[PDB]
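Chemist: Read off the chains here:
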Amino acid sequence: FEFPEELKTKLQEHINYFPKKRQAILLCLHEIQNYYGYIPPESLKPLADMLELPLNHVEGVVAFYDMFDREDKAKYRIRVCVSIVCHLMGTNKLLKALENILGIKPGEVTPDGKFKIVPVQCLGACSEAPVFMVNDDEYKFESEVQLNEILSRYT
Amino acid sequence: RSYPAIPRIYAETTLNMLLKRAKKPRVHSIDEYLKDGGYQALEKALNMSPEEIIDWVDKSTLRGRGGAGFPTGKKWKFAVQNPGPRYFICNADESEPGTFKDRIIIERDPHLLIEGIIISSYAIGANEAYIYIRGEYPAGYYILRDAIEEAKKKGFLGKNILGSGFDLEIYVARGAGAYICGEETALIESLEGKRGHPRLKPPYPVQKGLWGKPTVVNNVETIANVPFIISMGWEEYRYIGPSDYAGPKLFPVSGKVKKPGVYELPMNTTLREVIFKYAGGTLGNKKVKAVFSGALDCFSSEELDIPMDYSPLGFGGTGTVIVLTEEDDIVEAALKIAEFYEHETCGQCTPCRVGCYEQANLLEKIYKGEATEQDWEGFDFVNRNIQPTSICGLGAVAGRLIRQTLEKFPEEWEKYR
Ligand SMILES: NC(=O)c1ccc[n+]([C@@H]2O[C@H](COP(=O)([O-])OP(=O)(O)OC[C@H]3O[C@@H](n4cnc5c(N)ncnc54)[C@H](O)[C@@H]3O)[C@@H](O)[C@H]2O)c1
Ligand SMILES: Cc1cc2nc3c(=O)[nH]c(=O)nc-3n(C[C@H](O)[C@H](O)[C@H](O)COP(=O)(O)O)c2cc1C
Ligand code: SF4
Ligand code: FES
Ligand code: NA
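Heads up: the sequence lines are chains A and B, in that order. In PDB author numbering, each number is its position in the first sequence, counted from 1, plus 5. In PDB author numbering, each number is its position in the second sequence, counted from 1, plus 1.
Here chain A stands alone, though its shape is the one from the complex:
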């Protein structure tokens, strides 16, 4: 396994950013997940060598941080807040709307590997409850018609 030049250049940028190379691990993994739509198990060994860390160290970091998924490839990750304010304002209405549009429940991936619903803890946008993210973009769920239109922007 070898990282594509376009990704390897981005990883080298994060590694040369902090005063110590090992400080770039999270930025590198975020970049790997942006590129592949998940964390491919094969990417860990060349990353460990680029960070000058043992593979075991990298494995434990990937296991610890919940944003990282080494299981399911998905072009778009629909992060649905399942915490207190969003539960109070309509998480279940948002999840019902998502099941109706995409046919999937939290933890599942659409057959085309396009969308994955990821249940998450409070996203820090509680005044806009129920909150959801579609990759890096964040929105207040209003209704199924509204959510349908938002999801249509992701091709």
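Hints listed in this document are in silico derivations from the structure and should not be mistaken for laboratory results. Careful, some of the hints might be misleading.
Label pairs and their calculated CB-CB ranges [what the hints assert, rightly or not]: (1) A:158 with B:13: 42 to 48 Å; (2) B:374 with A:54: 36 to 42 Å; (3) B:377 with A:68: 43 to 49 Å; (4) B:378 with A:117: 47 to 53 Å; (5) B:9 with A:106: 47 to 53 Å; (6) B:60 with A:78: 37 to 43 Å; (7) A:21 with B:371: 50 to 56 Å.
Straight-line alpha carbon distances no greater than 35 Å define the calculated DSBU-like cross-link-like pairs of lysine-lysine that follow [claimed, not checked]: (8) A:78 with A:98; (9) A:26 with B:409; (10) A:78 with B:195; (11) B:202 with B:154; (12) A:25 with B:409; (13) B:409 with A:98.
Quick reminder that beta carbons are idealized off the backbone N, C-alpha and C, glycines included.
Got chain A; can you put chain B with the ligands on it based on the hints?
Modeler: Showing chain B with the ligands alone in chain A's frame:
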């Protein structure tokens, strides 16, 4: 120029300080910031000694805005009594339920935070500063990276800033899903490229922190106050709010309120005034049942007349106000709090590891009416026993809010029996 989509959180101020620009839901770049007299407090600070700045921040009575309210000047004083090099850390992990006060400074007025970091780093002799921002704030991350480059371009960062001989680089690090990484020692481990595991304290970061060196960790909101103390002098800053709990404070209000959002108010405002005078009262004008101070405290409708300050009888915490009305099931809400702690324990400490898991697992059984009599008794016991041997605040409070609901709403818990 282009950033990920971010919801337009409503923000209102009576003080026009922290939300002077951030009351408008948009990025304010360096030209806009400079037009408001931005970076002039830094210019003034670079003409002062690090020692004078500490004295001013001390005398302002600024206390930590992260939730614990530690006196900021006092924190800096502990760090500078230790030999260098020293590090300055801005805590932008904001992951407490109902808490969204910091993100509106980061995303709308990033130069207010940056200027505060430069003044603070100069005051403690730190030539290397960090912003650790939660991974679920990607727009905030790109906004800060862009604002930092603008500051460097205007000569506010880099070597020998404005001919003062003071050097400073600010590095922006991202979190990756862990609430515990906002705990200042877990944040330092994450900044070191490791798992977010809290360290035994003492030592406090100010004695031994990043790479074992004296480190100051301050919340976004605390740091956003530093340009105001330097700009107006500590005395005029102390005129804001009560003299014992001075300055502006951000109140992230959510739940069953007509106007949810961030309110910049003085700390002598009462909890009832925050909900009814500022947040427009309740949705459907339904009676307030409880107020959750994040995932930390639960206040009943009988406790709304308390001040929003760091006093023993005051609201305290982050100033987070989650409003529950008469139709909200307190046990269903407690279950949400139990599920939060279950998901966030780092599991280093056995009673926290097992206690957070069991509290959520038993509370679910109780809620679904699948709990045995032993399950009810075990739930009561586990809740009173998460804290033993804990080395961070998470294990110390994981049962706090839930215990308060048990004591304040016994009738509702009793029907689940
Ligand atoms: N804002 C958020 O999103 C968020 C999320 C979770 C928790 N929290 C808050 O975290 C708080 C608990 O934080 P904590 O465990 O850091 O609390 P703490 O009271 O132990 O300490 C607060 C600060 O003071 C410093 N300090 C305390 N005693 C000191 C001493 N003897 N010498 C030097 N420095 C000293 C600490 O190092 C820390 O920086 C809670 O009240 C909660 O509201 C906030
Ligand atoms: C589990 C846990 C999570 C925390 N998360 C945050 C956070 O996201 N942001 C924050 O500023 N403080 C947070 N804190 C508090 C910090 O440890 C620390 O008190 C604070 O950052 C110091 O800054 P301040 O004095 O300006 O408040 C957390 C504490 C604990 C126990
Ligand atoms: S109290 Fe809990 S969260 Fe804190 S260090 Fe111990 S196991 Fe981790
Ligand atoms: S509870 Fe969902 S964004 Fe805070
Ligand atoms: Na985090």
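Chemist: A separate judgement is required for each hint: does it hold in the structure or not?
Modeler: Evaluated hints:
1. A:158 with B:13: 42 to 48 Å: The hinted range 42 to 48 Å is violated for residue 158 of chain A and residue 13 of chain B, with Cβ atoms some 30 Å apart.
2. B:374 with A:54: 36 to 42 Å: violated, 57 Å
3. B:377 with A:68: 43 to 49 Å: violated, 34 Å
4. B:378 with A:117: 47 to 53 Å: Given about 49 Å between the Cβ atoms, the range holds.
5. B:9 with A:106: 47 to 53 Å: For residue 106 of chain A against residue 9 of chain B, whose Cβ atoms are near 24 Å apart, the range 47 to 53 Å is violated.
6. B:60 with A:78: 37 to 43 Å: Violated, since residue 60 of chain B and residue 78 of chain A (Cβ atoms, about 56 Å apart) do not stay within the stated range.
7. A:21 with B:371: 50 to 56 Å: holds, 55 Å
8. A:78 with A:98: holds, 26 Å
9. A:26 with B:409: violated, 51 Å
10. A:78 with B:195: Answer holds: residue 78 of chain A to residue 195 of chain B is near 25 Å, not above 35 Å.
11. B:202 with B:154: Judged against 35 Å, a Cα distance of about 39 Å means the pair is violated.
12. A:25 with B:409: violated, 50 Å
13. B:409 with A:98: The given pair, whose Cα atoms are some 30 Å apart, holds under the 35 Å limit.
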